[PDB]
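There is one chain below, alone, in C-alpha cells, taken in the form solved without the ligand.
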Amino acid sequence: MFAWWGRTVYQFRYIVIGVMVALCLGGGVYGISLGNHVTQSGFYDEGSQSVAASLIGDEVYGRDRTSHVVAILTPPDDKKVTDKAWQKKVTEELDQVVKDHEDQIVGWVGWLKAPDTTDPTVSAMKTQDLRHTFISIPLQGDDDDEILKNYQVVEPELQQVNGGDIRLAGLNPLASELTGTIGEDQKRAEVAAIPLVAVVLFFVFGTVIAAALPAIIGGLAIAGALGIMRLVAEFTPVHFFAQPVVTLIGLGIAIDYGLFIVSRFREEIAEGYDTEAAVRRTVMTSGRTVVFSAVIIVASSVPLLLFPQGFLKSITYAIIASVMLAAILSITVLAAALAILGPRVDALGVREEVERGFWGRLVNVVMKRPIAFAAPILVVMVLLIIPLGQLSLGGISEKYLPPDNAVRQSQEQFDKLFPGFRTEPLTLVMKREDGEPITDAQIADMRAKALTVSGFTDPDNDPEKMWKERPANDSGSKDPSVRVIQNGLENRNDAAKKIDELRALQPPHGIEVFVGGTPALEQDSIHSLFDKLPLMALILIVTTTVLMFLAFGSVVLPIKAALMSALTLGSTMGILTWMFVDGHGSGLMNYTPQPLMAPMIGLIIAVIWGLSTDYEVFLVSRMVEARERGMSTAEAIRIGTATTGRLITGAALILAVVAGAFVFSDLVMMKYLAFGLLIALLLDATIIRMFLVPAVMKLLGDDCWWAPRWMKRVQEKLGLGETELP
C-alpha cells in the first residue's frame, strides 16, 4: 500500500506544494466570513417537550422583552427621586436614546414614566429608600443574535446616561460579555502561547525549517477547518465557542502530527538511507501511524452526534474537520516538502547518546520491579477517581464569570434591592383543537389538577390566584388554539420532582399537557444527556478498541489500552470535579464553586479518551514495529520507547502550553476544559507511559501479542498490515 504512495509522492513535490497552498489560502481568507456569522442560544435539547412547549407558547403570545436589558439608576447628591428636575433630565436622555436608535429598541417604560401612580406594580418597584430603581428596555429583533447586535449598537449612549454611574443587567449584557470574553481569550492565547509553542519545539531541534514546519502546517490546517465548517454553517448554525476550541485542539494535534513525521524523516536521512529512500520509509511508517491516530480520534469524537444539542454538533464538526484535514496535510505535502528539502532540513542550524542511555536505564530500572512500579500508581489512580461521587450538574448562569467583573457585580447588585422581578417560572401549555374558544373551564380544571399537588409558590395566599395567564404582548399572534399559564417552583432542587408530577397530570378531553419554562428547559437537557450517555460510552469503547486493533495485528494490546485510557479519563475528571464543583483553588484562581454544565462533561470524556488513546498509540507504534525485526519483546520494548521519548515529551509540553494559555481565561467552562486537558496529558505523559506501559508489558511477558491468524489474515489483506520494511 504505502510503498505505492511513496513511489508516487516523490514524483510530485513542486506541484503538490503549489496546489495545496493555492487551494487552502481560499479557506484561509474565507474564515473571516465565518467570523461574521455567530449564533448563541442553542444549548437545550431540540427534540424534547419543553422546547416544543416554548415554541408553541412563543407562537401564541410572542416574546416578552421586559428582561432584555435593565438599568439601575441612582441620583447624585442623594435627592428624593420623586422630584421633577433629575427625572426631567433622565427622561430627556432616555427619549433622546430612544429616537437616536429607532430599530434597536421600542422605547422605555416603567415607574419613571409614572409620576403619581396607584397600582403597586411600578410604585412598588421603587425601593423604599428611593435611591435605586430599575427601568427596562425592550429590544426589537428578529431573533436572538439580532437582539444581541442591537444591544451592542445601543451600548454607548444607553450606558452613558447621566454621569455614567448606572449599572446594566438582564440577559443581554451577560450574553454580550460572554461572547466578548471569547475574543479576548483568543487574542491572549494567540499573543502568549504561540511564541512559547514555537520556541519549545525549536530548542529541542535548534533548527529553522524543522521548527517552522509544524506551525506553518497547523495554521493552514486550522484555516481550512474554519473554511470547511463555515461551508457547513450554510446548512447548520455554528456556535461561538467553536472559535477558541478549534484553536485549542487543532493547533496541538496538527503540530504533533507534523512533528512526528519531521522527526522520523530527519532521523532516517541523518543515519540510514538517502533522501528519497529515507522519506519513503518515513511515510511508510509515520503516515499510516498518524492516519490511524486521526481515524481513532474521529471515531472517538463522532459519538457526540447522538446528543441533539446544537453547539455540540458545531464543536464535533469543527474538530473532526480539523483533525482529518491535518492528517492529509501531514501525510501528503510534508513528505514531498521534506523530500525536496533533503540536506536543507538541519543545514540552517541555529543530548543524543546520553539521552538514549538515560531512557534505556529508566526502562531497565522499570524492568527491575515492574509490578512495584504499577501497584502504587494503580491504587492512587482509583484514589483519585473516588471524588467524582459528589459531582453535580446545572445550566449556564451569571456566575460563570469572575466575581470581580463589572457586569456580574451589577447583576448581583440588581437583586440587592429588587427581590422578585427576576423569576424563572414553570409553564403549563395547553393543547386546543378547534381553533376557536371551546370552553372557559379548562384553565380552572388544569388549575385544580396542579392544585392536586402541594409544595409550590403561593405568594398571593389565594387558592385560585396561582397559575395566571401569561402576559400577552400585542405584537404576538393571539391564536385561541393553545393556552399558556405560569407560576414558579420555589426550590429548584425539587424542580425534577415538580416536573415529573406535573407531566404525570391528567390530559383532559381533547387537551394535551405540556411543561415548559427555563427549569424544564435546563432539566430536559441533562435528562437527554444522561439517557444517551450509555450508548455513547459503548460505541466510544468498542469502536476505538476494534479500530486500534486494526493498526497492528496483536489483540492483547487493545484490551490493556482500553482500561489504561478509561482509568486515566476517570482520574482526570475526578480531579476536575474535586477542583471545580468544590472550588478547591478558586479562592486563588478567581472563580466560584458551582455545578458544571451538562454537555461539557459529555464533550470532555470523548475528547480526552481520544487524546489519551492517540498519544498511547503514538508511543506504542515503535513498540509494536520493533519486534518483527526478528527480535523478541524484551529488546523490542526498549527499541520502541528509547528514541520516542525525546519527541512525544516535547509535543506533550506544546499541548500543555496551549492548555495553560487557555487556563488564564475568564469563563469557568474554558478553565474546566483547559485544566482537564492539562491534567489528562500530564498524567498520561509523566506517570502513565513512564511507569505503567512497561510495568504491565513485561508482566504480560511474550504473551503480549498472541494474535489469532483467522483475523490476522484479514488484518493483512486490507493492505495496511505492512509493518516490516525490506
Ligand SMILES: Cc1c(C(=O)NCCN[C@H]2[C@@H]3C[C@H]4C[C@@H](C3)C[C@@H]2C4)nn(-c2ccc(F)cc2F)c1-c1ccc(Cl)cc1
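Residue numbers count along the first chain shown, from 1. Only the largest set of C-alpha atoms that superpose within 1.5 Å between the two forms is called the rigid core. What changes on going to the form deposited with the ligand bound:
- Of the residues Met597, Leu73, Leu94, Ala335, just one CA atom moves 2 angstroms or more between these two forms under rigid-core superposition; it belongs to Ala335.
- Residue displacement note: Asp703 has its CA displaced by under 2 Å between these two forms (rigid core superposed).
- After superposition on the rigid core, the Cα of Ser410 moves by less than 2 Å between these two forms.
- After superposition on the rigid core, displacement of the C-alpha of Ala520 between these two forms stays below 2 Å.
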The other form holds:
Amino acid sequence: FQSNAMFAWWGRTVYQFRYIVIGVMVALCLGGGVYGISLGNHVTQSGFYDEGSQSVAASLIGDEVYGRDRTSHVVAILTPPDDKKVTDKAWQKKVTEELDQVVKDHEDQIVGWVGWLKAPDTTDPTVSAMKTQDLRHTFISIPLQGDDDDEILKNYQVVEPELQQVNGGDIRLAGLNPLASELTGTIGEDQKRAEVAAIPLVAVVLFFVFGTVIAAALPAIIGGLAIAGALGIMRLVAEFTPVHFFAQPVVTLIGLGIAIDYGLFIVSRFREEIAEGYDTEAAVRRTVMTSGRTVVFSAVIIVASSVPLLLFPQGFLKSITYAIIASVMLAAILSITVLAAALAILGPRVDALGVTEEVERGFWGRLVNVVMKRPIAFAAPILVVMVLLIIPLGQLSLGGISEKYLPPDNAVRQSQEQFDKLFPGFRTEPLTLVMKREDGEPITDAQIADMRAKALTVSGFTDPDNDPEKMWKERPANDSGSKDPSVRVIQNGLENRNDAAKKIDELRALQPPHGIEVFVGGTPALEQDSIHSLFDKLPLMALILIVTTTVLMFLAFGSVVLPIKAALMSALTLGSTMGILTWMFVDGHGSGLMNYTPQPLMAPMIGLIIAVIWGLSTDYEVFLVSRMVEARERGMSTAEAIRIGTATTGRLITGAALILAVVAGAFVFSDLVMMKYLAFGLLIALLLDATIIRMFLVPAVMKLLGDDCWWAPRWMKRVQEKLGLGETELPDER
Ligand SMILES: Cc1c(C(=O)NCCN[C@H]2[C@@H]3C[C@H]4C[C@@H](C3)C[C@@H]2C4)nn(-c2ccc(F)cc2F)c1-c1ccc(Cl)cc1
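After the form solved without the ligand, can we look at the form deposited with the ligand bound?
Whole complex next, starting from this chain.
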C-alpha cells in the first residue's frame, strides 16, 4: 500500500551491500551489450500493413500460387562508353561475357540476368522496348535468389561490389533492393553520426551544470550501460517476433536522453542533501526515497503512456513499443540501483578530484512574481496563439514509402528518377483481382470473362491498347508457383493514383459471379487498408491514453482539477506541435534549408508522435505539480507554493531540456525523412512545452483557478488516496 517502507528498505539494503549490486549489474549489463552487439542481421525491414487484412491475404495467395515476381529486384542501365550506339557488337560481346562470368561466380544468389542484350537481334515487341530510340541507352534486369525479403536483401548486399564494376563502372543500378540497402545504410550512418556528434556536447553541458568531472561522468556511464542493456534485451526478444529495423535509433535516442536525465537528477539531489553534513548512509536513504520515487513514477507514466500503441496491428509499432518499454524500465532500474551503489562506495569524494544559485533563483522568482500580477494578460495571448497554430491540421494527407524519403541530391534516388525518365511505363502498380475457387475445383473458362465484364463498369483505369478487349489482363505465372486450376488472378492498373480508395471499395462491393470470392490486394490496396485500420482504431487509443494518464496522475497527489489542467496543457502542446510539423513537412516551408522534399506524412507515425508527445508533456507536469504540492502540504499559501515550486524546478528542468534537445538536434541532421520528422516533433514539443507553457501559462491558469485546486470530493479522495500510496511527507531526524 504505502510503498514508502519499501523504498526505505531498498535504501538501507543497497547500503548494506553496495558491492554485490554494482558487481552483478555491471557484469550483467556488459554481457548483455556484448551479446546484443549483433542486433543486426536479425532486424526485418518489414511490417507496415494490417497482417489480418483482406488484401494481404490476397497478395499471399497470389504470389504463392503464381510465384513471387523477380523482374524488378535489380535493374541496371548501361551505356556504351565510347559515345557509340548500343548495337556495337564488340562492346556488346564484352559486356555480355562479363555479365555471364559474374553470374557464374555467385550463381547461388543470382537466378540469371535477362534483357535485350540476350539475343539483341530479337524481334519481340516488348523486349524491343528496353532500348532508347537514339540507341544510346539500354538496360537489363537481374533477378536475385531468395525465399523472403531479408534473404534477397542479404544476397544483394553480398553481390553488390562485384556488380557495381561492369564495363568501366558506368552501370547504374536501380529498383527495389538498392532502395532498401540505402535506407538501412542511412540508419547505420545515423547511429554513427549521432553518437560521435552527441557524446561531446552532452559531456560539455553536463560538466557545465555541476562544476566537477566525476559527478558529470557518472550519468554518461549509466547511459552507456542502459544502451548496452536495451540492445541486449532487444536482441533477446528478436527470436520470438520480427523486430523492425527502426528500433536501433529509438534505443540510442531514449538511452541518451532519459538515462542521462535520470542520472543527473539523482546525482543533483545527492549532492544537495550531502551539504547538510549527513552521513553517506542517511544521504543515500533520503535520495533513494524522494528522487527514486519521482523517477520510478516518471518511468511508470512513460510506460503507461507508450503501451496503448499495442492496439494497432502494424508490426512496425510493436517493435517501437518494446524498445521504449525495455529501455525506459532498464534506465530506471540502472539509475536507482547503480547510482545508489556508486554514490555509497564514493561518498564525499564526489566534489574534489576535478578541480583544475542566488542569481538564477532570483531570476525565476522575479519572473513568477511579475507574471502572477495579472493572469489574463498572460493567459489570453498565449492561448489564442496556440489555438490558432492548430489550423494547419486541415491539410493532412498520408501515404506510403517511396524513393522521395532521401535528399534530392542522393545517388540512388537520382539513378531511380533517371531510369524512370528514360524508360517510362516499366514501373507500374496494378490492382490484382485474385479469385479463389469455392466450387468447381477447376475454374472453368468464361467465368473470368463474365468477371471482366462485371469489372469493366468501373472508370478511371488505364488502357494503353485503347480497347476493352485487352483490359484486366492476366498476370504472368513464373515457374516457382503451384499453378493450380482453382486460383487464377487478373489485374490492371489505374491512372489517378490518389483516388485509389474509391475504386478499391467499389471493387470490393462488386458481387462475384458465383460462389467464388474476390479480392483486390494490390499495393495501393495495402496502403489504403493500413490507413483505414489506423484511423479506425485511433479514437480508442486516444481515450485510453487520456483515462490512463489522468487516473495515474490523480493517485500521485489527491486532486481532481489538477489532472484536468494537465490534460488540457498536454492536448494544446500536442495540437500545436502537430500543426507546426504539418506546416513544415506538407506545406513545404523550410524545406530547402533542411534539404528534404515536401510530401504526405508517413502512415504509422501519427500514432508514435502522439504517444510520445503526450507522454513527455504529462511527465513534466507530473514533476512540477509534485514539487508544488510537496511545498503546499504543510502551511504555505497558493502563490508562495507556486513561486517556490517554480524556483526549485527551474535549473533542473532547464538542464533536462538542454540534454534532450541536444540529443534530438544531433538526430535532426539525418537523411531518412522519418528521422527528421520525429526529431522536429521532439524538439518543437520540448521547447514550446517547457519554456512557453511552463513559465508563461502554468502560474497564470493556476492563479486564475486559485485556491480551488484540490476541490476533490471527500469520499473518493479519502477511501482511495489514503488507503494506498499516501502523502508520506519525509520526516527529518537527527
Ligand atoms: C518519453 C521521452 C522523454 C521524457 O518524457 N523525459 C522526461 C524528462 N525527465 C523527467 C524526469 C526526471 C527529471 C525529474 C522529472 C521526471 C522531470 C524530468 C527531469 N524524453 N524523451 C527524449 C529522448 C531523447 C531525446 F533526444 C529527446 C527526448 F525528448 C522521450 C522519448 C522520445 C522519443 C522516443 Cl521514440 C522515446 C522517448
